[PDB]
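Excerpt of the complex: some chains, original placement.
Residue numbering begins at 1 within each chain, and the chains themselves are lettered A and B in the order written.
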Amino acid sequence: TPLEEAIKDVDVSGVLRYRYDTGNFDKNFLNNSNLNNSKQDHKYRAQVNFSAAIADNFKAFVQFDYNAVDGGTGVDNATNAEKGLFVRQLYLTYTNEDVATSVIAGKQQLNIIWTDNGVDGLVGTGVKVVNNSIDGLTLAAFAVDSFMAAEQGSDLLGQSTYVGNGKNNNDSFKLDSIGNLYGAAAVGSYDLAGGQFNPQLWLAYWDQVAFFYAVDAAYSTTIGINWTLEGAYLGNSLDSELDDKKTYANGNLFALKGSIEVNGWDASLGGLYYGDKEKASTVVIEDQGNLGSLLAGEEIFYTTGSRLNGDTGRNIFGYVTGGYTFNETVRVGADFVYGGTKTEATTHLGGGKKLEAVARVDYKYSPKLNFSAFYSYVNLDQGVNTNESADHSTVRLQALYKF
Amino acid sequence: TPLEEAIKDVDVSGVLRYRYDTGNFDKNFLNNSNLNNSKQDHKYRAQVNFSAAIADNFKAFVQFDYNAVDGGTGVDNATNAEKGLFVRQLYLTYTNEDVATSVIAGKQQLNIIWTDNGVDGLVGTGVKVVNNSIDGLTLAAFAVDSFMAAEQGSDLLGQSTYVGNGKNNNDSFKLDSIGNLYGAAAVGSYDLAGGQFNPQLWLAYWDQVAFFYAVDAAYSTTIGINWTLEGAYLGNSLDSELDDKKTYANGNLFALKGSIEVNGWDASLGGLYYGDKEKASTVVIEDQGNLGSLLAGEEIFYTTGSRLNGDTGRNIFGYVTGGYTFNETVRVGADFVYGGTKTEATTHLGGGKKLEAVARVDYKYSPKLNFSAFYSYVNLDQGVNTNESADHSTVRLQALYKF
């Protein structure tokens, strides 16, 4: 078929993202597989998605991914990525409009509350059933048979490590094997008179790991002023393979945030409570799940003992953010996060007071092209040697194009 | 050039195929590199072909292939294919319409009678000359200089193995080296009054291997009943590198099939005779060549001693098939195959009676999109321990889109 013709049944979207990241560390800082260790690297992430109508009620979707690094520093003057595109997602979508339901089967980015829903979200193979028969309500069941785990490295539960006690790869949350994942979801979006309300309810059973359960709600509204409030609880109870190890513990997390917009000024205040002093627990499956609206900073929740994807210790944190937006074009702003981790100091690492300040610029050049930067300073009250404390700077420049 | 413009000299076609295969085996079953060993794997095979008019009388062709597997079972919950596209075919086509002839040079899927002509057909580099000056007759010469062997694994002659005698990789047909391939073909398609007649004659010399020669003919009829009859002989005589090894033997194969269609019922009866009791011989070069219309079942001709691409043993098999077709849309049907292999029990394995039954569903959703499934049960009268017999089940679900 003439390509001119073939492309008419096709839709394209994607992402092009560049990153110049440099992360530094005091010798006393508790480093691990999740903190930013870039050394003036140029990083590329490109994704191109094609969706094609292939028959009545059937679309096919593919995503191509380019994930590559070029060096700057030292011997990295020869590191220059010679890489190709990889098929990252490949799946079929049956849609029946009469019953406002879709079946999506294949290798797909999961986009559940316990995984990143953006560029680097966990991908697996399985089936998703999604219903929109009710006004303002999305109902879904899903089953995953396998996970694209290698690509995710230390983003995935059970694949994070940390430094300490003369070993670079102490396992943050040992997971000897994994099963299939089964779950469901209800996700509401409603116009009250006052404004929009977004409740969410998530259940899943990950065989050999845990039964997860979560609720999250957001209210948002007008008056020229805008304010949102958002809360969430995520908990899980362990499967018996972990329960019998004795050194794991059912997860709990509480988080709340409120925020304000007026005249270009924006600000937010929020906090959260999670983990267990003595035993390993997790909040999410991959990275920080879909909880970004209930977080702040960049690095602080990657410190040892404070990671949301497996770690040991009890965490309390509060944060504030603020920024001004010149002409709806450039935003200068900052984040401040403060809190701590409690551990059993005899057996586990990362306990103590922690803080982070972040300065930010976000420049909206066009509706599709943004440039952004941040400077993050993180301080640990007690480092490798717990008597002294420890610094960790991270600087990023970023270009990001969406299409 | 604007891409909009550039694509006007371009033509696209391809394939998307999904497969959920699970193959199981009695501990007593004779396993080898060709039987189905899938363990609830999701298998993707995608091909996209672009053909561009580059100048007067010249087209260029490329094919991109994605061949990947995702796990289901056990430790395969982490196996999830992180693969890219590979250039599978790249060739030039000179066409002169005045002499109804085309010259096709490059890396190309061979599509000769001794290779699979479908998705997973053997690819090599060489030249093809094809003529359509005579009404209803296609004439061709061809020469191949190299073969895309690795991709084919055990589908290729000389690269199959089998289990037995405490060794997992007993070579089915040892081929220490290979030469170039040269051959020709005549392929007729004629409307007699009664109906269509399709004679074929194929010759080739594969240096260091064998001289192949084949004839195949099919008659089919029109209108409310329909019937086809199809026969074939494939033989080869060995090159002296194999003749002097003493343990090889010129190949012969005879096959015949007849079949009936009426009111949605269809049925077929057929049989075949091939191989040699004492010595290794082959029928085809890759997999089961283009002989699918003269076969039945799924697994039976992959049992040790019965493979069409190198094996020792003499084979006689008969088969019957049957099915009903609700609305020209869904076909439920079955295959029964029965026969045996005769060997020298002292020196070689796989001798004995063999059967296979297969249940089938074939659902034509659209002209481009088909879903199919099958359940195959294969029985070996004499297994690893030849005293007891042995089972082998295999189940497949399949989606297949052509464009």
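Operating definition for what follows: contacts are C-beta pairs under 8 Å (C-beta built on N, C-alpha and C of every residue); 3 or more make two chains touch, one makes a residue touch a chain.
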{"item": "Homomeric assembly size (copies in this file), of which only 2 appear in place", "value": "3"}
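Everything that follows uses one rule, which is that only the chains that are shown with their structure count from here on.
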{"item": "Rounded Å distance between chain A and chain B, as computed from the means of their C-alpha atoms", "value": "46"}
{"item": "Contacting residues of chain A [partner chain B, same complex]", "value": "1-4, 6-7, 54-56, 58, 60, 84-88, 90, 92, 106-107, 123-125, 145-151, 177-180"}
{"item": "Chain A contact footprint on chain B (complex, rising order)", "value": "7-8, 10-13, 16, 18, 40, 42, 44, 46, 50, 66, 68, 70-72, 74-85, 365-366, 368-369, 399, 401, 403"}
